[PDB]
Each structure stands twice: as C-alpha cells, then as structure tokens.
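2 protein chains.
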Amino acid sequence: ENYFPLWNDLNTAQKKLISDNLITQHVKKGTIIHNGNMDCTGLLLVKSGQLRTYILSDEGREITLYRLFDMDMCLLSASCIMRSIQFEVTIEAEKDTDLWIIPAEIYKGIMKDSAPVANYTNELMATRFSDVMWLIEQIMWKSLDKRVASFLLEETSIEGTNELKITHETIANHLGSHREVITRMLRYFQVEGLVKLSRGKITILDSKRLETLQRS
Amino acid sequence: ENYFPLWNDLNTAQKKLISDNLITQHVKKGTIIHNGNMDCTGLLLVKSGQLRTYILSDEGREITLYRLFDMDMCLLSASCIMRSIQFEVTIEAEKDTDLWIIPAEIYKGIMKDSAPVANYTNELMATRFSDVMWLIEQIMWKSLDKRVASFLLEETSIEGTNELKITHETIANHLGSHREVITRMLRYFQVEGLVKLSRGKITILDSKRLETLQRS
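In the order they appear, the protein sequences are chains A and B. Just so you know, we're using our numbering here: the first sequence kicks off at -8 and counts up by one. Just so you know, we're using our numbering here: the second sequence kicks off at -8 and counts up by one.
Treat the hints with care, as some may be off.
Since the list can't tell identical chains apart, any single copy or any two copies may satisfy a pair.
Below are the SDA-like pairs computed for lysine to any residue, each with C-alpha atoms no more than 25 Å apart in a straight line [said to hold, decoys possible]:
{"id": "1", "residue 1": "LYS7", "residue 2": "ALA106"}
{"id": "2", "residue 1": "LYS99", "residue 2": "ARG190"}
{"id": "3", "residue 1": "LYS103", "residue 2": "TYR(-6)"}
{"id": "4", "residue 1": "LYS133", "residue 2": "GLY100"}
{"id": "5", "residue 1": "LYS133", "residue 2": "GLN77"}
{"id": "6", "residue 1": "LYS19", "residue 2": "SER134"}
{"id": "7", "residue 1": "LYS156", "residue 2": "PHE78"}
{"id": "8", "residue 1": "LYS137", "residue 2": "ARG52"}
{"id": "9", "residue 1": "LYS6", "residue 2": "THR22"}
It should be emphasised that the hints constitute simulated quantities derived from the structure, not laboratory data.
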C-alpha cells in the first residue's frame, strides 16, 4: 500500500480486488520463487529483502540479469500474462525476503481495462529491458577483470562491508564465467593488492583502485 | 492499414488521428533513421524492406540487437515516449525500405487513454525484449565459430542465395567481434570446406555442415 506507487492511480474497485487477494510470504534465502515456465505466481512487491533474476544454460552455467531490492516490483514472475515474453528466467531470494504477491489472473484482468496499469507495466518492463541492456553493454565492451572489479564494488555496497563471505562459484554464476577463471582472477587481484583471500572470505583491500578498473 | 494489426482494435477517433498524421517515407540502404537520444521520430511500420537495430561502443564497435522486416513495427524509434527506456540504440536501413511513421506525440496520446493500445505496446516491447534475450543466450552459451555459422545461414535465407556479397567488417559489426577475428574464422571455414572466399564474396559451400555447427 505504501510500497506500491500505482496505488494512488487505482480506483476503489481495483484497490479492493488487489487488497483482498494479496498473499503475504516470507521467503528464506536460497529459495527459488519463480523457475521459468514451471511457475506463474504473480507480480512480487518486495517489502524487505533481495531477489536475483538469472538464466541457466542447459549445462548449468548462470549469469545474473538484475537484482530486485526493497520497494522494487517483479514483473517476470508473472511472465505467462504476456504471450510475447518468449524467454524464461529463474528468480530466487539472495537474502530472507518479505514479499506481497498480486495474483497473475487478477493483475492481468485490471491491465486489460486500465490504461494507467497497462502503461505502468510498460514502464516496469522498460526498466528491466534497460537493466538487461546495461548487461549486454557490460558483457561486450568490458573485460572480465573490470566486471569482477565492478561486482566486488557492488556486493560491498549492498552488504555495507569490505568483507564478502561468498564462494568463487557465486561470483562465476553472477558474471556468466567458470569458477576456475574467477579463482585465477581473484589471485591476480591478490597479487596486485586489490583484495585479500582467506578461508571463505574475500576482503577488499583497495576500493579506490578496484573502482579505477571498473571505469577503465 | 492492412499491415497494422492494432487497426481493428482502434476506434473512429483513433483511426482518423493516425491516418491523417501518417508520414510515408522511402529510405535508401545505409540511412540511419534513428540515432539514440538525437532522434525521436515515431513508431515505424515497415511496408517493405529491412531495418537493423544495433548499439555502438564509444570506440565504434557494434553488435546487432535484432532485425525488422516487412510488416514488423519499430517501437524504439519512439523511445522518448517512455521515461523508463534508459538505453540508446541506432536503427538503420539494410535494404531500401518503404516505411510509415506514426508521430510519437500522437501515438503517446492514444496510449495514455487506450488499454488496448497500451497492452499492444507491451506485447511489442516483450517481443523485442525476447529478441535481445535470445542474443544474450547466443553471446554467452555459443562460441564464435557457431555464431558465424548461424549468421551465414541467416543471411543466405534473407537474401535467398548461398552467395553473400558482404565485408568481414559487416559480419564483425553484426556479432560484436573484430574484422581480423572474423577473417581468421572465415579462412578456417574455407580450410574446412564450409565456405569459399573470393573478391567481395563469401559463397556457402556446405549449408548442412554449417547448420550442425550452429546446433552444436
């Protein structure tokens, strides 16, 4: 109600239909909430937490498309309400997350009759389209050292700490790389004094220098 | 009118506003019709021809996002009508093209009041979002030899001939590669009997074998 900006634009009938069909859900970290064509739960409003939209190759390789934080809305968890979305994505909780779910059939129904809700969904798609376009630009134009540097700066901002407790597999899965290549890269960073590597931990030593890689 | 599927869904007032403001335009090949934030002409309905949506790095490197053919609609040529589209694209004519342009201000106005036109624009975005998602999947999971093989099979289908009259630069610009890497790859293909290379021409010799690379 406070976290849904379309609320002031909705009428009484629309406000009531969504309100009376809101599903509250606490999702623990590591839970897959949407898994391509298998699920079509609905739009997710993140009250508090962190979600990760990604794609999987048939060989189990992964790359993160984008992340959703507190107050974001997930549209692709209700992908089946749009025939023209002909790609599948996996959405999972990176931290314990409190969500509200607006059922797909309900949201689809309101969207059919409301230009405001229809246009709002366009703006939501355009944002995610733009997120994915920044990703193509990053993948094509920036080398792996710069992308690892960029990721380490993002995670430290999200966690509010220069001490990351993640595996080399998770970094590889974020960037569309292999663990061995990430490990090689982190060891090059350690030799260059950018990070410190220890048991289940990457400590960012020079945040100023990592930012100059990202920018290079 | 025949090429615009939303026409039957429009009312008299909407049909008249679009009809009386249609701009007919013959565009010669090599003409840039949209160049990021510089232009915001409108939605383009391709009566007959071929358009190419691509992105440019600050160093002049290119990769094709998707192609539009006869009967397709271009949405991103009117990107400024959606605040949430925060990426720029270049659109140009690959062959001489006959277009109709629906001015952006006019289309935006109809979209504000019509759920049908609003939802139709979503489906148009979703299609292009899906095109770009196939591209991420191709870039990440398929090696350059497979992507070159895939492109050669596409161009031969479009041109209706196993004889392509294109430069190594154009192929590099389609795939996000460098000319020298494409030339190296085409020479490997020639050594393997897949193609024949001669003055300003690539002749596909084994279309069956190129398809088995694409699929690998």
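Verification of the supplied hints:
1. For a Cα distance limit of 25 Å, the shortest separation of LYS7 from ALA106 qualifies both inside one copy, at 18 Å, and across copies, at 20 Å.
2. Neither within a single protomer nor between protomers do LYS99 and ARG190 lie at most 25 Å apart by alpha-carbon distance, with minima of 48 Å and 56 Å respectively.
3. Taking the shortest Cα distances, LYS103 and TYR(-6) sit within 25 Å of each other both inside one copy (23 Å) and across copies (23 Å).
4. Proximity of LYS133 and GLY100 under a CA criterion of 25 Å is satisfied in neither setting, with 42 Å inside one chain copy and 39 Å between copies.
5. Proximity of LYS133 and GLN77 under a CA criterion of 25 Å is satisfied inter-copy only: 19 Å between copies versus 28 Å inside one chain copy.
6. In this assembly of identical chains, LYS19 and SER134 lie within 25 Å of each other by CA distance neither inside one copy nor across copies; the values are 34 Å within and 37 Å between.
7. For a Cα distance limit of 25 Å, the shortest separation of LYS156 from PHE78 qualifies neither inside one copy, at 32 Å, nor across copies, at 33 Å.
8. In this assembly of identical chains, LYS137 and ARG52 lie within 25 Å of each other by CA distance both inside one copy and across copies; the values are 20 Å within and 18 Å between.
9. Taking identical chains as interchangeable, the C-alpha atoms of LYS6 and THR22 are never at most 25 Å apart, the minima being 30 Å within one chain and 49 Å between chains.
In this structure, the earlier hints numbered 2, 4, 6, 7, 9 are contradicted, and the remaining ones agree with it.
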